[PDB]
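One chain is shown next in structure tokens, namely the form deposited without this ligand.
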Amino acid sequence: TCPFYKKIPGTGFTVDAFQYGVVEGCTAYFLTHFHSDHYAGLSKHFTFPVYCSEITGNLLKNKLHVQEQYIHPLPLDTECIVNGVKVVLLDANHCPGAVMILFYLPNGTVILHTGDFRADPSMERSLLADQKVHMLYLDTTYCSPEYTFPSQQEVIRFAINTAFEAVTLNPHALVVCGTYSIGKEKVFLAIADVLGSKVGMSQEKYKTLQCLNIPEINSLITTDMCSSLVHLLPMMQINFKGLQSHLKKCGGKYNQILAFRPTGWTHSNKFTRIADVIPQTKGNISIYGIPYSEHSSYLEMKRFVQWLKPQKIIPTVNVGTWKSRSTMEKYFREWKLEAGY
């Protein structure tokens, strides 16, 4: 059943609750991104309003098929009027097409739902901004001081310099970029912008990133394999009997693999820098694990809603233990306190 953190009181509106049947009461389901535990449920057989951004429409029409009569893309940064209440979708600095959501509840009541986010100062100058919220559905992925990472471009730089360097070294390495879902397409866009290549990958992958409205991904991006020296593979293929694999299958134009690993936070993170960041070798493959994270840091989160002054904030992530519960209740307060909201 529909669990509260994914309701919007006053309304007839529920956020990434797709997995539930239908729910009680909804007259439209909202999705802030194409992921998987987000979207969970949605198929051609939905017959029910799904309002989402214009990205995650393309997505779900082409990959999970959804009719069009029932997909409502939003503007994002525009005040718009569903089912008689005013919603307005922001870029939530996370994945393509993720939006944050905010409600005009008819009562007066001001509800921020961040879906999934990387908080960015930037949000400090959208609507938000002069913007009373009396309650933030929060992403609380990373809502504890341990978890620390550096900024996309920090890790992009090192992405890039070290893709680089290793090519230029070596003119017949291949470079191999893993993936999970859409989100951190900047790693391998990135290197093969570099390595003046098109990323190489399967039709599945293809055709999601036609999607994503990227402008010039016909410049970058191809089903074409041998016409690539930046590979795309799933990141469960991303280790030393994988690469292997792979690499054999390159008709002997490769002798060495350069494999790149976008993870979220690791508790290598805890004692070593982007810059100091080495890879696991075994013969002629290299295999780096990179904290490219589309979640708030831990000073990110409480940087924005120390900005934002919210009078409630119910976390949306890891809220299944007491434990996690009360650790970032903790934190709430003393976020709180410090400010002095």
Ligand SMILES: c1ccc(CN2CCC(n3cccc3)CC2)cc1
Contents of the next structure:
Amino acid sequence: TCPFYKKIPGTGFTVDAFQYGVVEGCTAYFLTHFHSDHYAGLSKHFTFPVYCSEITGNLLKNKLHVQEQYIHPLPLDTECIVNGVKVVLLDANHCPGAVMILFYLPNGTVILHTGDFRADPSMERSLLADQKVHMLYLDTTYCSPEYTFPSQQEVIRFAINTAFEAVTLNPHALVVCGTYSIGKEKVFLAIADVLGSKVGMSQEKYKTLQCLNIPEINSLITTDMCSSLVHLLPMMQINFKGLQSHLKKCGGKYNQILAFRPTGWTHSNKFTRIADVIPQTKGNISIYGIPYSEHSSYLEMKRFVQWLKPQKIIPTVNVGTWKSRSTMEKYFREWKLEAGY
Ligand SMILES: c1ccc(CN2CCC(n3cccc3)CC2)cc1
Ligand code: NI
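Structure of the form deposited with this ligand bound (previous: the form deposited without this ligand):
Up next: the whole complex, starting with the chain shown before.
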């Protein structure tokens, strides 16, 4: 059964609600982004309208085989009417195609669903500017002050510099990057660019990247592994056993692997600054875990909410324990008292 924090009161709409069968009274199903916990249940057999971004629609058609007659892509930053209700899609700064959804209800109430997002000051100059919001459905993944991590730019600078130094010292080194979904493409694209290489990958992963409207993509990626010195592998293979195995398949073209494992937050962010990060090493293989987040830090989330000044907040993550729920509610009250709304 579909939970309350996925229902839009006063409409026939749901958000990211595909795993509950036919939802009673739902005439339009919105999808914020193409991550499996959110799309769970969608397939070629789905026969109701799905509203989403153009990139999300390309992935629905090509990867899940959803029939084209049921895919309703909407442009960003544009007032659209769906089933008699004005809606707007905004960039979420999450993975490719990810959106936040603004709903202008018939009764005059205004609701923002963030989906998954990494809050940024640039969102203060979207169509949200000077817009009253009555209800905010908030991605609270990292809603506690312990959750700190660097900017995406700082993490990419570290990765580029690390890879360039390694391959300049040893021209026979291979660089490997782990992946398990869409998102975090900048990690492998930035490394390949500094090295003058295309990124090599499986046919399945190539198909996924061909759906993302990335400019000049044919110049950047390939299924010919042997022409490339930056390879993508599934995240589960980025360990000493899996990398040793991969090194054998390249036919003595390479004599060293440098691998990156993009993670979210980890506890080492408490103690170790990104510049000070060191790898796990065994012989000619080194593995770097790098904290490349596509969710708001605590500080980023607090800034966004204090600027927006919503009347009510409904968390959508960490809602399953009394302790977690209470912790988030205490921070929302602090933020409101500090800012005066
Ligand atoms: C929102 C609100 C509360 C939680 C629970 N965690 C908070 C942070 C804790 N922590 C301590 C040291 C490193 C993390 C672990 C419990 C999650 C999300
Ligand atoms: Ni996500």
